[PDB]
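4 protein chains.
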Amino acid sequence: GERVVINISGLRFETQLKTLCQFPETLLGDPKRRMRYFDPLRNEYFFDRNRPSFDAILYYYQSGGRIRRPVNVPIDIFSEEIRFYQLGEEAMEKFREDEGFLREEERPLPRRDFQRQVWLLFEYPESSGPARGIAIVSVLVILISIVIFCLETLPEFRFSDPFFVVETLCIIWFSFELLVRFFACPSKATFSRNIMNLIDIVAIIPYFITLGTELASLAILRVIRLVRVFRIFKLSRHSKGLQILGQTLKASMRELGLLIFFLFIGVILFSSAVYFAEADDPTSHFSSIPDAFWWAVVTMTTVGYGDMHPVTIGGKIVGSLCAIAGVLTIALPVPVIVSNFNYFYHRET
Amino acid sequence: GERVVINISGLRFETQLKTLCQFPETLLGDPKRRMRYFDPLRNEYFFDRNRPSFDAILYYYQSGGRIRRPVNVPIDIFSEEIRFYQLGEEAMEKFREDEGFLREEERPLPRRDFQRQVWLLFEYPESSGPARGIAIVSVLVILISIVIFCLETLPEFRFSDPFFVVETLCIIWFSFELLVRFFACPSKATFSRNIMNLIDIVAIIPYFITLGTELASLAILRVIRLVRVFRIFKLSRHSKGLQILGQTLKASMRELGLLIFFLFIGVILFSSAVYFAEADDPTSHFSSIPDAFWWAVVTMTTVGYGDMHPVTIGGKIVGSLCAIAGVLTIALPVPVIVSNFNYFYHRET
Amino acid sequence: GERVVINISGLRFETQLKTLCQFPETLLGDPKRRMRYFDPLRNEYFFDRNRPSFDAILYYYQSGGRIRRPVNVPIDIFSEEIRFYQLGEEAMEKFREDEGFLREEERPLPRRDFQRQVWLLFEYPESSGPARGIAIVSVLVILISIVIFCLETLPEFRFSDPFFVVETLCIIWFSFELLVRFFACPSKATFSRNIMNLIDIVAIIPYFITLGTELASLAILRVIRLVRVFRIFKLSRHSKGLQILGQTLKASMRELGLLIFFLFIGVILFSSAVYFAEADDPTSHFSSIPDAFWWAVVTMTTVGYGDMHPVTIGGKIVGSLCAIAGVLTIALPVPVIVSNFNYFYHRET
Amino acid sequence: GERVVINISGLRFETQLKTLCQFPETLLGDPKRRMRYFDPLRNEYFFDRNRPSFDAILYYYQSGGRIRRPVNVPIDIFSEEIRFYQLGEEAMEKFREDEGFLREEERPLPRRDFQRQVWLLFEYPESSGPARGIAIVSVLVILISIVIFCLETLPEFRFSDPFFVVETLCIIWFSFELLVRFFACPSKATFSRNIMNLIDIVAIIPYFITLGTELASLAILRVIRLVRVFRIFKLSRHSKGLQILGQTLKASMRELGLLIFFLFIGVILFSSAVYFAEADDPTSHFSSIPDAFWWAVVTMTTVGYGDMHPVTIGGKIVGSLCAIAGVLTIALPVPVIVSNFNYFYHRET
Ligand SMILES: [K+]
Ligand SMILES: [K+]
Ligand SMILES: [K+]
Ligand SMILES: [K+]
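Chains as they are written, first to last, in the entry's author numbering: chain D, 103 to 260, 291 to 348, 359 to 491; chain A, 103 to 260, 291 to 348, 359 to 491; chain B, 103 to 260, 291 to 348, 359 to 491; chain C, 103 to 260, 291 to 348, 359 to 491.
A hint or two may mislead.
Pairs count within a copy or across copies, as identical chains cannot be separated in the list.
[Claimed, not checked] Here are the simulated DSBU-like cross-link-like pairs (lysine-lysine), alpha carbons at most 35 Å apart as the crow flies:
| hint | residue 1 | residue 2 |
| --- | --- | --- |
| 1 | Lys120 | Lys134 |
| 2 | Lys392 | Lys320 |
| 3 | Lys392 | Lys458 |
| 4 | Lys134 | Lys320 |
| 5 | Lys382 | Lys320 |
| 6 | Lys120 | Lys320 |
What the hints contain is simulated information worked out from the structure, not anything from laboratory work.
Please put together the full structure from these sequences, using the hints given.
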């Protein structure tokens with residue numbers, strides 16, 4: 103009913119009393135808090151603050167709580183000017199969600215102290231000196247493990293085996309680390325759904341199941367042997383770029399389906415267009431359409447080994463079209479992935 | 103003649119009566135609708151609304167209907183503030199056309215009910231459960247058809293033929309689907325000009341004409367056989383990225399002419415510059431200028447099979463220039479295509 | 103001395119009389135032109151125009167002539183609002199130079215009429231029907247000429293020669309066209325400095341000098367023969383993308399020097415780093431540092447023919463570094479070239 | 103206590119006296135300087151200046167010194183309007199640091215004159231004609247030196293050696309130049325920490341140590367011989383793009399660690415996934431996991447020599463995945479490097 107004139111260094115704003123009456127916990131809400139700024143001479147609440155930012159605040163008061171930072175007032179000034187009018191931590195968290203970078207999560211510390219000290223030791227390498235010692239010994243053990251996996255397959259080589297002893301030491305360290313992390317955890321229920329620990333479990337299961345099978359088929363001699371390579375992803379816990387890549391390959395999971403689907407269409411199109419072109423030629427490298435898949439996938443991605451290439455004046459035309467088509471399809475859903483990685487990289491820094 | 107002062111929370115706007123008299127169906131147009139906001143004390147129409155957005159509204163009233171959203175007021179607030187002053191659905195559709203994303207099309211439903219129910223069943227997979235069942239069976243039939251086209255050409259293989297029986301089943305399903313879509317259509321005239329149905333017709337004509345020719359030349363044994371591959375594009379009806387790609391390759395049809403023309407110039411330039419360089423050498427792979435086309439098109443697009451490469455200290459210079467020139471020409475009209483795909487992808491989402 | 107209050111729909115602007123007295127040919131300059139807008143009631147020049155645009159106009163009046171379009175008011179409104187206050191064609195051309203797209207050039211027409219009619223016939227294909235006929239016959243003659251240059255070098259082939297007769301016809305057409313363009317020109321002095329005509333001269337000189345030499359050395363049998371290929375650039379007069387490419391490769395002539403210099407450094411670095419690595423090996427493909435240039439330039443540009451590749455566990459490391467280095471150097475000065483092409487392409491459209 | 107109304111051409115700003123009293127050396131600070139603008143009629147300090155820029159100035163006066171250029175007022179106007187109110191060189195340097203391009207460094211000239219003249223002669227080629235003569239002779243000597251390093255290793259060739297005499301002349305010139313730069317320097321302490329002189333020292337040490345060893359092992363016959371190539375980086379002193387590249391490869395040193403780490407993960411993943419796939423095949427090119435590193439690094443970077451490629455229907459699948467994975471990883475940290483180069487290139491121009 104009563105009009106409140108708010109003189110932001112000359113810029114007058116007029117509002118109804120009810121519009122401020124929405125929030126009785128803000129600076130303009132309580133009559134007593136704002137009464138010091140009242141000037142009897144012109145009956146206007148004199149402020150000397152930033153001008154282009156009070157408009158957003160007033161719209162907040164006039165919209166029930168919505169806050170939109172105008173692009174004119176930079177982030178710092180608008181932060182200072184949302185603090186001054188003391189809209190509250192709720193409004194500030196709302197503005198944080200609107201602008202992005204929602205760093206409102208807090209890592210929960212174990213209930214007791216001893217277990218919490220274990221946690222701060224094994225996790226958060228920067229917490230303590232011994233913590234960073236542990237977190238560097240557990241990256242040297244991983245590098246030793248990778249070297250012993252890659253070096254065990256040499257032709258000169260392939291339980292007195294030194295490589296077996298090194299692998300057993302690596303698994304013992306992995307087990308000890310995982311046991312400390314699971315037992316001394318704040319909650320097993322939250323621990324269970326965590327990729328960085330499912331990886332640590334998957335990188336140790338093959339060794340245990342191998343010992344069980346040997347102590348007591360072709361699947362457990364090739365698939366398990368390959369699964370043993372997942373210890374390369376345990377190098378994500380002690381690294382930062384890898385977590386960014388994992389979050390990128392999780393956010394942009396549809397623009398990888400597009401890349402694979404576009405490749406699958408361009409292979410079935412150009413391989414079938416180059417086989418039917420070489421059909422009469424007796425010198426052709428392509429015996430059938432499913433044979434030219436290996437040519438289309440190394441032409442569209444512009445690798446081009448040269449082991450299989452077209453050999454008629456009609457397969458050369460299709461292989462001129464295939465390179466341009468591969469450039470167009472594999473570079474139409476990659477920039478989306480690169481923009482999502484750029485966002486997931488510059489948010490943290 | 104009379105000046106109307108409009109106090110947008112202190113920000114006064116003064117306008118002539120004639121300027122509001124243009125539109126007698128808006129909030130400020132009818133005197134009775136706006137009379138509730140009139141304040142006798144200062145003779146100004148008091149509003150408590152968003153300030154930076156009323157300027158665009160006033161310019162609308164002062165320009166005969168033109169609307170331009172100022173970049174200061176975000177889309178949501180400006181939408182709320184074009185609703186409040188009730189400019190009309192016409193102005194709102196105009197603002198939608200100005201900002202982009204013209205989602206004003208409505209799918210026409212068949213006149214009757216039974217035919218409309220058929221339509222909602224075969225089209226719009228999300229409409230009904232059986233609708234999504236049909237729309238997934240018709241993607242499995244397509245995948246079976248592609249597998250039978252790609253697998254019929256194996257050397258071990260090439291009407292008791294199992295592959296013929298599978299292909300006949302696929303064509304019968306395609307025919308049944310197309311017949312349901314054409315008969316139970318809202319309008320055959322609008323149905324005719326639709327790419328996604330011309331594709332469905334082109335992917336079934338070769339089978340019918342083959343049966344006709346066999347039941348009763360070299361063209362119908364190679365060109366038709368190749369045309370049978372167009373069933374890979376029937377996988378666009380049951381997919382979303384493919385429609386985006388088709389619209390991209392339709393919007394940016396000049397920046398593909400540029401890519402093909404730039405390739406055609408760089409081939410005729412560098413192949414003719416590498417043949418004349420290898421002319422005296424007896425070991426050269428290039429016998430003539432039209433022979434070095436197959437080297438220039440696999441060098442400029444940076445595939446490089448190695449089957450044909452230069453062999454003098456003067457063809458090696460031209461093959462050092464060719465790679466850099468191919469990078470420069472094929473990556474000068476591709477970013478336009480990628481920006482048009484980015485627009486056609488982020489409009490829908 | 104006297105303050106002029108200018109009420110832009112409530113937004114008052116106050117200025118000195120001297121500030122408007124700078125320009126006695128504008129709307130606010132002449133007292134008689136602006137006197138109709140004077141309102142005796144409040145003594146303020148009432149306007150109902152766009153508000154956010156009059157600030158730029160007032161700054162123009164207060165800065166001696168400088169004009170800067172504020173990013174708030176779109177181009178169309180600001181154009182309308184620079185027309186209304188009738189700042190002049192001079193100010194409008196200044197604003198055109200500030201915003202870009204300086205389309206103020208006008209093609210000069212020949213002094214007389216007959217010669218001007220010839221010009222409108224041979225140039226400006228869209229001017230007349232016969233003009234477009236000529237401009238399409240002169241693109242078919244060019245394509246015939248390219249085909250006869252590329253097809254004369256076939257092994258089966260290489291003055292009763294049909295190819296000679298076709299080439300003579302092409303040169304006769306080129307000569308006739310060039311003669312019409314030079315004679316019936318507005319100015320030979322301006323005609324001389326024009327690339328698109330220097331190209332037309334260079335594509336015809338080799339034929340004349342060949343006839344002179346044959347009618348009456360090794361240089362005139364290879365270099366001139368290669369120079370004959372410049373008729374591919376005569377296809378720029380009858381094309382639009384090619385002119386954009388030529389202007390791109392003229393504007394960004396320093397970011398090609400960077401590409402060539404970066405390649406020249408990475409070749410001299412990695413070829414010298416891979417030769418010294420393979421020195422003891424007897425199976426190496428690299429005999430000397432200037433021999434590994436042909437490997438470094440097909441690795442850094444990621445073509446990779448495979449004709450020359452490293453063969454020790456120390457040349458394989460350098461060839462792992464070479465691919466990543468080539469990606470980093472040849473893709474550090476290419477995006478500048480692509481942005482200059484994007485500007486030179488979207489300016490015209 | 104007293105309110106100062108500042109009429110920026112109608113736009114009134116009201117401020118406390120204390121807010122201007124912060125800075126007693128600015129235009130509004132001293133009462134005498136601002137008294138000429140005081141108007142007794144309305145008691146407001148009349149200015150006719152740019153309107154959208156005075157808000158930033160007022161916020162400067164109200165924030166203790168902080169300055170943020172609003173994006174509405176272009177750089178030129180805001181520069182003019184920070185000069186007018188004479189905020190000071192300190193504020194102007196602060197605004198320069200805020201906007202970027204901190205060109206506040208000044209090259210220190212030697213204390214005396216003769217030594218300063220030497221400096222202006224050897225450095226700053228544009229200072230003097232003889233200076234540019236020296237700075238071009240020292241780029242021809244470098245090019246001669248590179249040619250003699252690259253040409254000494256030819257098979258036909260490998291102290292009467294002409295190549296030795298040319299190399300000795302080059303080193304003598306390098307020594308003379310370095311001696312002049314170090315002796316006639318403003319400060320040896322600042323001279324020591326400078327990359328462009330450490331390079332000049334490293335490109336001359338190998339020759340001196342070679343003469344010492346020969347005048348009076360395998361390391362000094364290969365590693366030193368390779369180190370002799372660092373004279374290619376002495377071509378950075380007499381070039382501008384190279385300094386930009388060096389600053390790019392210094393600023394973005396983490397997004398190269400990402401490229402190398404992503405390559406190291408994708409090699410250990412796909413090489414181990416293609417070796418285990420080819421294990422039973424007797425025709426495989428991969429004998430062990432550390433052997434397939436040379437395939438993964440020439441597939442992921444899409445070079446693809448063809449010397450080693452997969453040969454089973456299970457290694458071909460992994461080599462279809464490897465090309466797409468290499469495109470995704472090596473093009474996820476390259477655009478950061480390219481944006482840092484774009485910044486370091488367009489700052490100087
Ligand atoms: K390649
Ligand atoms: K290749
Ligand atoms: K190759
Ligand atoms: K490539």
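Each hint tested on the structure:
Taking the shortest Cα distances, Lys120 and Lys134 sit within 35 Å of each other both inside one copy (16 Å) and across copies (25 Å). For the identical chains of this complex, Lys392 and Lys320 are intra-copy neighbours only, at 24 Å inside a copy versus 44 Å across copies, given an alpha-carbon limit of 35 Å. Proximity of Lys392 and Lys458 under a CA criterion of 35 Å is satisfied inter-copy only: 26 Å between copies versus 39 Å inside one chain copy. For the homomeric pair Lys134 and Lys320, neither the shortest alpha-carbon distance inside one copy (50 Å) nor that between copies (67 Å) is at most 35 Å.
For a Cα distance limit of 35 Å, the shortest separation of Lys382 from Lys320 inside one copy, 25 Å, qualifies, whereas the shortest one across copies, 41 Å, does not. Taking the closest pair of Cα atoms, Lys120 and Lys320 never come within 35 Å of each other, the shortest separation being 50 Å inside a single copy and 60 Å across copies.
The structure is inconsistent with the numbered hints 4, 6, although it conforms to all the rest.
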